[PDB]
Amino acid sequence: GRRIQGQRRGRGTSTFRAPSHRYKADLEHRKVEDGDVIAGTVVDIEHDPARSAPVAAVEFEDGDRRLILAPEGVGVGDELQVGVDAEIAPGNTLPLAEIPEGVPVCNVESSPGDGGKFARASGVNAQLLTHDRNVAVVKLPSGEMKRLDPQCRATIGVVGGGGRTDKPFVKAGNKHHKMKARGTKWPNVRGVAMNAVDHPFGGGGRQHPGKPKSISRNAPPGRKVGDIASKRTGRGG
Amino acid sequence: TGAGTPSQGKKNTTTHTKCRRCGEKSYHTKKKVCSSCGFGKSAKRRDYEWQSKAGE
Amino acid sequence: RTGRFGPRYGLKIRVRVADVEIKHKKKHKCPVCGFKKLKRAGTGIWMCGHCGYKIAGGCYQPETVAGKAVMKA
RNA sequence: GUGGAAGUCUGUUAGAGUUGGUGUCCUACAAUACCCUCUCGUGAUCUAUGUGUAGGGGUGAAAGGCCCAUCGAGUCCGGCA
RNA sequence: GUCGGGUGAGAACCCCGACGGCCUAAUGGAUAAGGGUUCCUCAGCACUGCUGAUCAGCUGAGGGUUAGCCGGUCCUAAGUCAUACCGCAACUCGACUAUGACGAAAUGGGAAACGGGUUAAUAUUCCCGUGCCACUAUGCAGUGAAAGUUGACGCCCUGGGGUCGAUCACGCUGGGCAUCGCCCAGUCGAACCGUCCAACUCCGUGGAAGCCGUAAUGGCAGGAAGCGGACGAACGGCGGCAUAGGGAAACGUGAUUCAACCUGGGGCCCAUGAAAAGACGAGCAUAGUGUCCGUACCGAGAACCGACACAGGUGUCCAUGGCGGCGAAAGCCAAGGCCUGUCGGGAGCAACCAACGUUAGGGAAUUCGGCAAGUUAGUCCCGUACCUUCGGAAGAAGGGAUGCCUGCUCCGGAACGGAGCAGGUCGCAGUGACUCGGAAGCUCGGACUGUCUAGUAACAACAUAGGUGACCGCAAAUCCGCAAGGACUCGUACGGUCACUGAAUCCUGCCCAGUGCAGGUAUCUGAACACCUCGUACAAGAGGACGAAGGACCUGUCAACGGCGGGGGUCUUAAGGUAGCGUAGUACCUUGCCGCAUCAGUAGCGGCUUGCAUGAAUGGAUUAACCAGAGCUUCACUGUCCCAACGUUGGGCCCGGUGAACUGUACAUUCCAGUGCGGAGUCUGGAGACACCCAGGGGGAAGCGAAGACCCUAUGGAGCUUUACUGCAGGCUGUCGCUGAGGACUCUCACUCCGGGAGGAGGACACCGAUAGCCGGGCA
RNA sequence: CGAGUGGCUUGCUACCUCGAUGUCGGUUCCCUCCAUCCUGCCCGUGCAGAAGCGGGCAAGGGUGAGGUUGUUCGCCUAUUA
RNA sequence: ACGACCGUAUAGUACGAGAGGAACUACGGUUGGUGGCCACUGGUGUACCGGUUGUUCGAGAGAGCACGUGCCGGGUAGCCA
Ligand SMILES: [Cl-]
Ligand SMILES: [Cl-]
Ligand SMILES: [Cl-]
Ligand SMILES: [K+]
Ligand SMILES: [Mg+2]
Ligand SMILES: [Mg+2]
Ligand SMILES: [Mg+2]
Ligand SMILES: [Mg+2]
Ligand SMILES: [Mg+2]
Ligand SMILES: [Mg+2]
Ligand SMILES: [Mg+2]
Ligand SMILES: [Mg+2]
Ligand SMILES: [Mg+2]
Ligand SMILES: [Mg+2]
Ligand SMILES: [Mg+2]
Ligand SMILES: [Mg+2]
Ligand SMILES: [Mg+2]
Ligand SMILES: [Mg+2]
Ligand SMILES: [Mg+2]
Ligand SMILES: [Mg+2]
Ligand SMILES: [Mg+2]
Ligand SMILES: [Mg+2]
Ligand SMILES: [Mg+2]
Ligand SMILES: [Mg+2]
Ligand SMILES: [Mg+2]
Ligand SMILES: [Mg+2]
Ligand SMILES: [Mg+2]
Ligand SMILES: [Mg+2]
Ligand SMILES: [Mg+2]
Ligand SMILES: [Mg+2]
Ligand SMILES: [Mg+2]
Ligand SMILES: [Mg+2]
Ligand SMILES: [Mg+2]
Ligand SMILES: [Mg+2]
Ligand SMILES: [Mg+2]
Ligand SMILES: [Mg+2]
Ligand SMILES: [Mg+2]
Ligand SMILES: [Mg+2]
Ligand SMILES: [Mg+2]
Ligand SMILES: [Mg+2]
Ligand SMILES: [Mg+2]
Ligand SMILES: [Mg+2]
Ligand SMILES: [Mg+2]
Ligand SMILES: [Mg+2]
Ligand SMILES: [Mg+2]
Ligand SMILES: [Mg+2]
Ligand SMILES: [Mg+2]
Ligand SMILES: [Mg+2]
Ligand SMILES: [Mg+2]
Ligand SMILES: [Mg+2]
Ligand SMILES: [Mg+2]
Ligand code: NA
Ligand code: NA
Ligand code: NA
Ligand code: NA
Ligand code: NA
Ligand code: NA
Ligand code: NA
Ligand code: NA
Ligand code: NA
Ligand code: NA
Ligand code: NA
Ligand code: NA
Ligand code: NA
Ligand code: NA
Ligand code: NA
Ligand code: NA
Ligand code: NA
Ligand code: NA
Ligand code: NA
Ligand code: NA
Ligand code: NA
Numbered sequence: 001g002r003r004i005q006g007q008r009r010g011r012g013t014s015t016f017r018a019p020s021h022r023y024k025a026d027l028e029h030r031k032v033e034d035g036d037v038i039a040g041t042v043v044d045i046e047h048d049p050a051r052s053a054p055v056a057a058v059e060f061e062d063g064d065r066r067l068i069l070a071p072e073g074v075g076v077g078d079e080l081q082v083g084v085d086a087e088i089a090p091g092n093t094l095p096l097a098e099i100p101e102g103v104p105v106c107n108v109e110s111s112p113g114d115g116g117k118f119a120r121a122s123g124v125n126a127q128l129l130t131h132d133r134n135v136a137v138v139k140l141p142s143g144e145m146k147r148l149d150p151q152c153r154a155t156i157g158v159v160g161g162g163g164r165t166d167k168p169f170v171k172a173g174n175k176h177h178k179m180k181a182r183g184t185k186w187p188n189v190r191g192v193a194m195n196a197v198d199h200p201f202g203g204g205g206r207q208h209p210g211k212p213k214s215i216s217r218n219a220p221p222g223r224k225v226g227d228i229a230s231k232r233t234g235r236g237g
Numbered sequence: 001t002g003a004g005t006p007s008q009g010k011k012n013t014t015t016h017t018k019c020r021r022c023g024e025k026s027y028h029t030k031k032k033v034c035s036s037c038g039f040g041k042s043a044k045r046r047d048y049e050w051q052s053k054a055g056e
Numbered sequence: 010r011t012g013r014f015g016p017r018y019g020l021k022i023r024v025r026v027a028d029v030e031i032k033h034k035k036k037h038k039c040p041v042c043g044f045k046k047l048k049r050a051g052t053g054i055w056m057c058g059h060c061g062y063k064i065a066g067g068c069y070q071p072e073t074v075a076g077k078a079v080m081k082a
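Chains as they are written, first to last, in the deposited numbering: chain A, 1 to 237; chain Z, 1 to 56; chain Y, 10 to 82.
A couple of the hints might just be wrong.
Derived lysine-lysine pairs resembling BS3-like cross-links, with alpha carbons at most 27 Å apart [stated by the list, open to error]:
| no. | chain 1 | residue 1 | chain 2 | residue 2 |
| --- | --- | --- | --- | --- |
| 1 | A | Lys167 | Y | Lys46 |
| 2 | A | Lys231 | Y | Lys38 |
| 3 | Y | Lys48 | A | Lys146 |
| 4 | Y | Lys38 | A | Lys171 |
| 5 | Y | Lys77 | A | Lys171 |
| 6 | A | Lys24 | Y | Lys81 |
| 7 | A | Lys117 | A | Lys31 |
| 8 | Z | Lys53 | Z | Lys31 |
| 9 | A | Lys139 | A | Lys31 |
| 10 | A | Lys231 | A | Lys24 |
| 11 | Z | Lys30 | Z | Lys18 |
| 12 | Y | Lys35 | A | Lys146 |
| 13 | Z | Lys53 | Z | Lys32 |
| 14 | Y | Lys81 | A | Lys178 |
| 15 | A | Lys175 | Y | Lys38 |
| 16 | A | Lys175 | Y | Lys45 |
| 17 | Y | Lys32 | A | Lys117 |
| 18 | A | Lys139 | Y | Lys32 |
| 19 | Y | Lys38 | A | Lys178 |
| 20 | A | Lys139 | Y | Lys81 |
| 21 | Y | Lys32 | Y | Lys81 |
| 22 | Y | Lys48 | A | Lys178 |
| 23 | Y | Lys35 | A | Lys211 |
| 24 | Y | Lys35 | Y | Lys46 |
Quick caveat, the hints were computed from the structure, so don't treat them as lab data.
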């Protein structure tokens, strides 16, 4: 047979790539020598094409102009601060250690300085639970408890644009326009709707997968489709 | 639309042109590579052994 | 509201569209001033036609249940 | 009343598409054409130019469709008498 | 096209004139690509031209393309290349990271040109006139100069400013017509320099507690109107340019609607609508410089692609010429172009055929089927069912009106805009042509728009929103690469990958035995290295101990593959079909039975239903709206039919010119029989038969076309599949090397990642190299 | 029970064609067979008549229109000698 | 190149309890087929004449185009049924 669609993806061709050249900025936390003195003002709120959410334009004291992952509640004129001594208000960035337990946070760094990795999508937020001199326990939106270096910087508040998922696309057309702003091939043809040659589920006089749909983790690419290493399926029980 | 005659009409593109290096009209002006002498890809000239019977 | 959709898409789909958009288009009370002149500028972007304040809010609402939990904590 | 939304309606505007006639043609005007009929026609729209993906590989809203009249594995030459 | 005429040895088709036509988003005008001299002139007809040719895009020779201000050039886009680095056995191969370069001629950004004249052929290029830009030099001014602005931006609606055009009024110039008095053309004049400024923004004054304002939204004591002012637009107005230019002449004035151009307001996004060069910011005089490449022509029913002077294909701009009308529609007509969608002559011109008109009475009787054709039709008024997701259904259906002429009314600033009134009046017919829906009902399917088999399938197939399950905390899941590396990702669970189902509505039962996936696991099984025993002065080899993933075993899981019976009042194998639906697009028996409907209905619909062999996200039922989707009924309509006729146009037939192809073992005027490898013009017997030619519709030559697609055979091929055979990638796992200090543990020094660095995390693991076991149609 | 005739059906066979003899139904148009449905002339009758029933000669002529089904067949209607 | 049917008189007769109900013969008509013909009816009749919409030739008059008649009304001959 032929490579299945998952295998074409890997190749990173035009069809599969994301319109990078159309993206605005790689939202990352600033780098501060130390002191925390670093502060800046919100100059404007712009739409981020890569995340379908708002992004804040900020002018820092030392002349630096950069876009920032804006939490809900940030407006023009506001003053944001970044550093160990930053005040504890929404929009400000400071290590998990300096953050008070029980406070919602977003755009968390996995390892100090990486610039933030966790909780950055629409309306999500992490939950700083436990402190320590060694470990900072944070609950990520997936519900997982993430043990982190209390040095990892994070932003106070919840990511802007919450509720996006509450409204249905309603029509293909609307998915279409969104999909075009992402690195994804759309629409999706069902395997079972293809020919044997094209997908392990293809073929037959009627549509139905050939074998069961749960596949082993060890399955090779080309065969790994359907329910991947599923721990269970269905709703019952 | 027929892939034949009716699809012959749109062929007003220029591709293979006179090669500055070997003089054949095989310099692909989009690729800037000659399909005949390899000019634009190889310093050495294009040549393969299958261009002639194995024993000759 | 949903009336633009004619008899297409079904009940649930459009009903949630009107709902979401009626809340979406309500008069909203500005954070800086106190006037009810906040209007959605774009996806998650809000502004006060009065004082010109541009705020980061929910996608279809200026305040999200969660945005509010922040203030307290 | 105002407003003027809509993968909204009529529509041979342009343009795109191709349902029936199983008409005409079928050593053709044409190696896929002509006519009447018919569909879409502000949108997942149509289009020019540039540009990317290459052969067990692409590309595929999936028909094994398409990748220069070539496709259930292009074309050329060689293996090859 | 026709009649005259011109040229010529020769004229239906080369040229002039008239008459008659054709093209109106093109058959006109300007061009991109592509072509490449096809452009102009002269000379020709052996080639080419669907006939002819004195013609030509043909043959031959000459000639023709003139730019500071049009393009290129320059900038940067998706992206491309080179060099370096690294990989690879290696390269002309290969990803990343650096640097550099390349990447837009209509149609991205962009310093600057207008008017007239001229040639056989060029022309914002030459000439005449006038203007403009950049750089440099000189001089005066200026010391400001880099912040900022601009370049520079989406989709929908909309206001204002406003030129051309078109039209209206009136005057002038010229023309046309000749029952009136109308009808047509013209009435000109740039770049540029100067000047004016609506909109937006802002300032002062003012001081609204209800006013201000809009087409609409809106505005305001955080200061409304009004008043005054700062900034501030057109390819626009105005003046110059201009006793420039152009016109035979006059060489106008106002108006309305207003493309271009300018300037605003509103709305939309799970969509956010380039960048860089450059310009401005930042004066003036004079002078010098402004090189290089493109420039002809076609741009198409003969200059392009399609073997052709091919009925095909092929991008941009002119979308404002008149009447008409909603209209960039029809139809008619200008300007401009053409008679080259290039063979002609003749016969009332038969049969037959292609397109087409009309047909009395009947009216789907035709047919698989109303296929084909027809009916309806524009606008206004009345009026409008079931059903429904309240949006829709709906132009439902049905009923009425519709011209012209006279005089008016209303809305509006007004239109050569719209709505009405009264009277008069003609026709068979007033949307009088043209344009222009036939309607209604039942059933099936897919919800909808959308997609598809370029070239027999447009559908019920795919997609889709919506539903659902799965994997993953990012040094991730998934995927590409041999490697160096890479997509997703300028992304971070409201994410994204992988799958199933397919809007809404009511719902989605029971089964984990098999198979799959996952988790656990006392015990059992489980490879190699190292370790022990035997063996061998070593070794091969035999055995033991230890035991990973995996398996046994146990559990979880069906919106995971799938299953939901026989028997009796349990058995196979886990369960034993629930809600629904049902003779189904699933029902063999089958035209099932009953009903509706018809004269008659293997159809259709409804009910029944034991369902050969329905049934719940292999989704079930059901469903408004939508449909070139499948079946059925009714009204309307009609040459579909009864049953054909007549007519129109092009052919067909005759004549001039041009001039193929298919096909051909031979013989051949056959017919009836017989015979023969059982399907004979040719054998045998008879019959018939004078030769040639024209037209016809095609009975036969098992007619021509294609080494049969069906079927079988071949120790043929290929694509595809799997618990076929053998192997190969890939994943998991143990072991060795990198690898270091003190059956569980600490550390740091390699190595890895994070951090700009300091340093932080991890750490002898991981990565990588080698090997072993398991899984392994992903692949061979 | 026994003897046959036909060559419409079916089956059997594998003789003919696999370098192709275009498979159903229908339609249109032509010729034929008789084992005669009607019509002509007859015989018998359980032949009163009328209407039939059976049989003989006989192929001149006729043998039609429709509803379901692609259907052939057939089922059904109304006409009909 | 003619095939067949219906009707009337025969006859409410023969026959028959009755109900019912013939024929020979002579007539009139229908149907299917056949050959011909066109006074009559009907169709056609882009010969012709009129009406009238749009547009163009200034109006008028008179015309062209609207597919090979713009549409509508009438229709001679001939050809037809
Ligand atoms: Cl999405
Ligand atoms: Cl140019
Ligand atoms: Cl406005
Ligand atoms: K055969
Ligand atoms: Mg990033
Ligand atoms: Mg979703
Ligand atoms: Mg929407
Ligand atoms: Mg994309
Ligand atoms: Mg799909
Ligand atoms: Mg398929
Ligand atoms: Mg497969
Ligand atoms: Mg299915
Ligand atoms: Mg092809
Ligand atoms: Mg539409
Ligand atoms: Mg339409
Ligand atoms: Mg392209
Ligand atoms: Mg298939
Ligand atoms: Mg010439
Ligand atoms: Mg000449
Ligand atoms: Mg360049
Ligand atoms: Mg340009
Ligand atoms: Mg010229
Ligand atoms: Mg030119
Ligand atoms: Mg020609
Ligand atoms: Mg009739
Ligand atoms: Mg019928
Ligand atoms: Mg019939
Ligand atoms: Mg039709
Ligand atoms: Mg008034
Ligand atoms: Mg009409
Ligand atoms: Mg059915
Ligand atoms: Mg559909
Ligand atoms: Mg097709
Ligand atoms: Mg279709
Ligand atoms: Mg089709
Ligand atoms: Mg879905
Ligand atoms: Mg989903
Ligand atoms: Mg589907
Ligand atoms: Mg039924
Ligand atoms: Mg279920
Ligand atoms: Mg399925
Ligand atoms: Mg003989
Ligand atoms: Mg063969
Ligand atoms: Mg086969
Ligand atoms: Mg094989
Ligand atoms: Mg790194
Ligand atoms: Mg295989
Ligand atoms: Mg034959
Ligand atoms: Mg006999
Ligand atoms: Mg006979
Ligand atoms: Mg005419
Ligand atoms: Na399948
Ligand atoms: Na309203
Ligand atoms: Na068509
Ligand atoms: Na290949
Ligand atoms: Na070969
Ligand atoms: Na000619
Ligand atoms: Na001016
Ligand atoms: Na007009
Ligand atoms: Na549509
Ligand atoms: Na099971
Ligand atoms: Na199981
Ligand atoms: Na089932
Ligand atoms: Na459609
Ligand atoms: Na007809
Ligand atoms: Na013949
Ligand atoms: Na194959
Ligand atoms: Na016999
Ligand atoms: Na043969
Ligand atoms: Na047949
Ligand atoms: Na007979
Ligand atoms: Na029948």
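Hint by hint, here is what the structure shows:
Distance restraint check for A/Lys167 and Y/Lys46: the Cα-Cα separation of roughly 24 Å lies within the 27 Å cut-off, and the hinted pair is therefore satisfied. Straight-line distance between C-alpha atoms of A/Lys231 and Y/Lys38 comes to about 48 Å, which puts the hinted pair past the 27 Å bound. Using a Cα cut-off of 27 Å, the hinted pair Y/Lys48 and A/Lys146 is violated, with the two alpha carbons roughly 38 Å apart. Distance check on the hinted pair: Y/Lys38 and A/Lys171 sit about 32 Å apart at the alpha-carbon level, beyond 27 Å; violated.
This hinted pair does not check out: Y/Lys77 and A/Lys171 have alpha carbons roughly 32 Å apart, beyond 27 Å. Only pairs whose Cα atoms come within 27 Å are accepted, and A/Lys24 paired with Y/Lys81 is rejected, the gap being roughly 33 Å. Of the pairs offered as hints, the one joining A/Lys117 and A/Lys31 holds, with about 15 Å between alpha carbons and a cut-off of 27 Å not exceeded. A distance of roughly 30 Å separates the Cα atoms of Z/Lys53 and Z/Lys31; the hinted pair therefore is violated under the 27 Å criterion.
Using a Cα cut-off of 27 Å, the hinted pair A/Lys139 and A/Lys31 holds, with the two alpha carbons roughly 25 Å apart. Annotation: proposed proximity of A/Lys231 to A/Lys24 is violated, straight-line Cα distance about 39 Å (limit 27 Å). A threshold of 27 Å between alpha carbons decides the hint, and for Z/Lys30 with Z/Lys18 the separation of about 13 Å falls inside it, so the pair holds. Between Y/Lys35 and A/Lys146, the direct Cα distance comes to roughly 39 Å. Violation of the 27 Å bound is thereby established for this hinted pair.
Restraint check for Z/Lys53 and Z/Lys32: not satisfied, since their Cα atoms lie roughly 30 Å apart, outside the 27 Å limit. Distance restraint check for Y/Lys81 and A/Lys178: the Cα-Cα separation of roughly 35 Å exceeds the 27 Å cut-off, and the hinted pair is therefore not satisfied. The suggested pairing of A/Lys175 with Y/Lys38 is violated, with an alpha-carbon distance near 32 Å, which exceeds 27 Å. Between the alpha carbons of A/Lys175 and Y/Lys45 the distance comes to roughly 33 Å, so the proposed pair goes past 27 Å and is violated.
With a CA separation close to 32 Å, the supplied pair Y/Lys32 and A/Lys117 exceeds the 27 Å bound. Taking the CA atoms of A/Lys139 and Y/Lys32, the gap is near 31 Å; set against the 27 Å cutoff, the hint is violated. Between the alpha carbons of Y/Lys38 and A/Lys178 the distance comes to roughly 30 Å, so the proposed pair goes past 27 Å and is violated. Between A/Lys139 and Y/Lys81, the direct Cα distance comes to roughly 19 Å. Compliance with the 27 Å bound is thereby established for this hinted pair.
Using a Cα cut-off of 27 Å, the hinted pair Y/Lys32 and Y/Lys81 holds, with the two alpha carbons roughly 24 Å apart. The suggested pairing of Y/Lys48 with A/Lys178 holds, with an alpha-carbon distance near 23 Å, which does not exceed 27 Å. With a CA separation close to 53 Å, the supplied pair Y/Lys35 and A/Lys211 exceeds the 27 Å bound. Annotation: proposed proximity of Y/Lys35 to Y/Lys46 holds, straight-line Cα distance about 10 Å (limit 27 Å).
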